[PDB]
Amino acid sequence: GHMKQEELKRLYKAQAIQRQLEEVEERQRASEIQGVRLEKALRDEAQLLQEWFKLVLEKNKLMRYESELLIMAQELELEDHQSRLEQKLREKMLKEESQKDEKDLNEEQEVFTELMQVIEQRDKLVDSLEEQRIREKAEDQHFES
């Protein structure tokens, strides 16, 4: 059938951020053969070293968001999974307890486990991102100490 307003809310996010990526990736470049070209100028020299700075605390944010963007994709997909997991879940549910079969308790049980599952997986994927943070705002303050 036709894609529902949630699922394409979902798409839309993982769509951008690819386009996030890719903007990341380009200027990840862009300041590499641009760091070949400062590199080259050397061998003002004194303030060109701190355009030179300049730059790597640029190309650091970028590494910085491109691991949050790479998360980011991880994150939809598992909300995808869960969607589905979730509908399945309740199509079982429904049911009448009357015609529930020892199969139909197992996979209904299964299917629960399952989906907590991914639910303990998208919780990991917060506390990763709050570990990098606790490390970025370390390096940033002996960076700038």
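Numbering follows the first chain given and starts at 1. What changes on going to the form deposited in another entry:
For the motion between these two forms, the hinge, where fit shifts from one rigid part to the other, lands on 76 out of 76, 114, 62, 54.
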The other form holds:
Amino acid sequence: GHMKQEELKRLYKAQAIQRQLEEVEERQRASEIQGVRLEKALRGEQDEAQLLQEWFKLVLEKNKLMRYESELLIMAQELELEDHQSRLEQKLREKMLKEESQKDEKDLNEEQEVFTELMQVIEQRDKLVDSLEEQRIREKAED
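Same protein, different condition: the form deposited in one PDB entry was shown, now please give the form deposited in another entry.
Chain alone follows, minus partners and molecules.
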């Protein structure tokens, strides 16, 4: 049904974020290795103008990878909040289908608790939107 599709789409997208992240960290591992190989070569252990051009591009590349990794970490965080929200909602819907007579005083307490966690997760998603917006306003003002 509708709920399963939404879960499947969410899971695929978390999985794909994770894949990009895994590749980035690999490229960071390799670039660091190339980094020490370049230092050694410049320090005297090909052409040194050429080495320097290589060192320059490595520096740019480390920055590129850093900004990519940080973008992916934020996306992954956003997705985990949504996934968390969905499981809280379904946990709460299930407690609510339980008819009131058989509803122990500990059930009422858990409904209140699940509800509280649900509203807090929603509030975390909202403050993440507000944080992005703040950052937009600052970058605009700087430029």
